[PDB]
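Q: Take a look at the letters that make up each chain.
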Amino acid sequence: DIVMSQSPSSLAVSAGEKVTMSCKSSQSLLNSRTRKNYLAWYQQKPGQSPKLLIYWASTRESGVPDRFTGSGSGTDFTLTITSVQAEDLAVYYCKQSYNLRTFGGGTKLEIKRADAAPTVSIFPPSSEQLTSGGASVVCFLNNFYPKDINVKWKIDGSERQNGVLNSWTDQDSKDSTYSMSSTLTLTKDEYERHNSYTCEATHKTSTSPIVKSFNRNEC
Amino acid sequence: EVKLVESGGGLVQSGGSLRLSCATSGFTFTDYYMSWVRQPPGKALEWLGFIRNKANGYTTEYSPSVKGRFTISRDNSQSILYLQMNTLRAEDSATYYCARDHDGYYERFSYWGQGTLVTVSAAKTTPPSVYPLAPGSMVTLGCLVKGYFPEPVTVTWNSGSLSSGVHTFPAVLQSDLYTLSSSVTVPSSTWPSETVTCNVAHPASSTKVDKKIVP
Ligand SMILES: C=CCO[C@]1(C(=O)O)C[C@@H](O)[C@@H](O)[C@@H]([C@H](O)CO[C@H]2C=C(C(=O)O)O[C@H]([C@H](O)CO)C2)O1
Ligand SMILES: [Mg+2]
Ligand SMILES: [Mg+2]
Ligand SMILES: [Zn+2]
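For the protein sequence lines, the chains are A and B, in the order given.
Here the first sequence stands for residues 1 to 30, 30A to 30F, 31 to 213, where the numbers follow PDB author numbering.
Here the second sequence stands for residues 1 to 52, 52A to 52E, 53 to 82, 82A, 83 to 100, 100A to 100E, 101 to 125, 132 to 210, where the numbers follow PDB author numbering.
Heads up, some of the hints might be wrong.
Unchecked claim - Cβ pair distances, simulated, as ranges:
1) A:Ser207 to B:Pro210: 17 to 23 Å
2) A:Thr72 to B:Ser156: 20 to 26 Å
3) A:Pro59 to B:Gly160: 21 to 27 Å
4) A:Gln27 to B:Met133: 30 to 36 Å
5) A:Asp1 to B:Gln169: 20 to 26 Å
6) A:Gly157 to B:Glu189: 16 to 22 Å
7) A:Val158 to B:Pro187: 19 to 25 Å
Stated by the list, open to error - List time: in silico DSSO-like cross-link candidates among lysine-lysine, alpha-carbon distance up to 27 Å:
8) A:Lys182 to B:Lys141
9) A:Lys182 to B:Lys207
10) A:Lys182 to B:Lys62
I should point out that these hints are in silico values taken from the structure, not numbers from a laboratory.
Built from N, CA and C at the ideal position, the CB exists for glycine as well.
With these hints in hand, go ahead and build the complete structure from the sequences.
A: Here it is as structure tokens:
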């Protein structure tokens, strides 16, 4: 059959530096009749469809920045990005079309940047939710780097770990940061037994956690 | 301008069938092979099959993973491509893309649709609850889109006019329902003096919601 394999699985590179990734086929993709390698590269940015970058191994599609260059032949191919930019964050796929078509497993390119502290915001349950018997408290931790972050919820000063939804965005295409949402969900009955609700974020950018709180009596 | 637009994705039970369509314009349809490709959430692209162009008698080929179970066809009068899926299973849950393929010369998929999401599951359709997130130089506001099934939902802010400084958090499945949230950050001088509204849609339940963020 034709097995396509890519390397690395993932990597991070700083803006302005060079990126090299590789694509192997289990069989030569060089068509002896047309003298071309039937190997294309696609870029898939977060939440988008794949976009064609390179085909016949080295032909750069119209409108693709000159920083993207495909090379190689036979069973081994390379995509090189010189002077990488924040917007190049994406999964890159190679694809053979020598015998039907088969995609490689992708290489995830992340962007390294300077550490950045999160901006933290807390939100109490809406009256339209409380009326239904539930109470979700939301904390946004926005625009930080690197991705690793700790959030604790404290209720009247005591840590709680049950009832929590955490979700990270993909890296931002403009500023190369991450954001995270943390949602604590309680019943209205339990919500009404306590006053102080606190989101505490600990990130490598400070030894001091960022603390956001609200008090039910103040709503 | 070349346009490819998939439709027909949604929730379907295990063992069921579903047919996707892909409307096209902006190129000579019969000149081109057309492919289908799918992507399970967070996983790699998988080529499924193609239908050849008129020069090659519009014949079909399929990956071993779906041969005998999926069928590709095309309407050459209206320039629509179809994928019939049968005996669906959980492993078929994925975003499905149509892509323009070979023209007898170039080896490339020039163009891809936006994709249509298929979910194979026994769970029922549940519309979201949509809750405003208002605070108790910049101000951050949000919407909580809670307890829906299946994916996806769409969230915009002020009908898409606020796009900068928006973060929409990927949905998370807990106890058989999805929840997501979306934040927007705007100058404090502009809210609440100017209106901020999240617009949420859940196509599975035809839900359309506009939630004004009120101080
Ligand atoms: C024209 C048919 C071949 O094209 C495809 C196919 O399977 O339809 C699709 C294309 O993207 C390539 O994968 C080729 C593959 O390179 C084989 O190409 C051939 C084989 C044939 C054939 O008739 O089966 O004919 C081609 C030329 O037209 C003959 O000069 C070369 O497969
Ligand atoms: Mg941001
Ligand atoms: Mg045939
Ligand atoms: Zn309690």
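Q: Does each hint fit the structure? Answer for all of them.
A: Hint-by-hint comparison with the structure:
The given range of 17 to 23 Å is respected by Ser207 of chain A and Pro210 of chain B, whose C-beta atoms sit roughly 19 Å from each other. About 42 Å separates the C-beta atoms of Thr72 of chain A and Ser156 of chain B, a value inconsistent with the hinted range of 20 to 26 Å. For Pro59 of chain A paired with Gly160 of chain B, a C-beta distance near 26 Å keeps the hint of 21 to 27 Å intact. A hinted range of 30 to 36 Å is violated for the C-beta pair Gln27 of chain A and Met133 of chain B, which are about 55 Å apart.
Roughly 39 Å separates the CB atoms of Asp1 of chain A and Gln169 of chain B, a value that falls outside the hinted 20 to 26 Å. Taking the beta carbon of each, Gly157 of chain A and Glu189 of chain B are about 35 Å apart, not inside 16 to 22 Å as hinted. Our hint of 19 to 25 Å for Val158 of chain A and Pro187 of chain B is violated, since their Cβ atoms are close to 30 Å apart. For a cut-off of 27 Å, the pair hint linking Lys182 of chain A to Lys141 of chain B stands: about 16 Å separates their Cα positions.
Of the pairs offered as hints, the one joining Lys182 of chain A and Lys207 of chain B holds, with about 23 Å between alpha carbons and a cut-off of 27 Å not exceeded. A threshold of 27 Å between alpha carbons decides the hint, and for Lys182 of chain A with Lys62 of chain B the separation of about 52 Å lies outside it, so the pair is violated.
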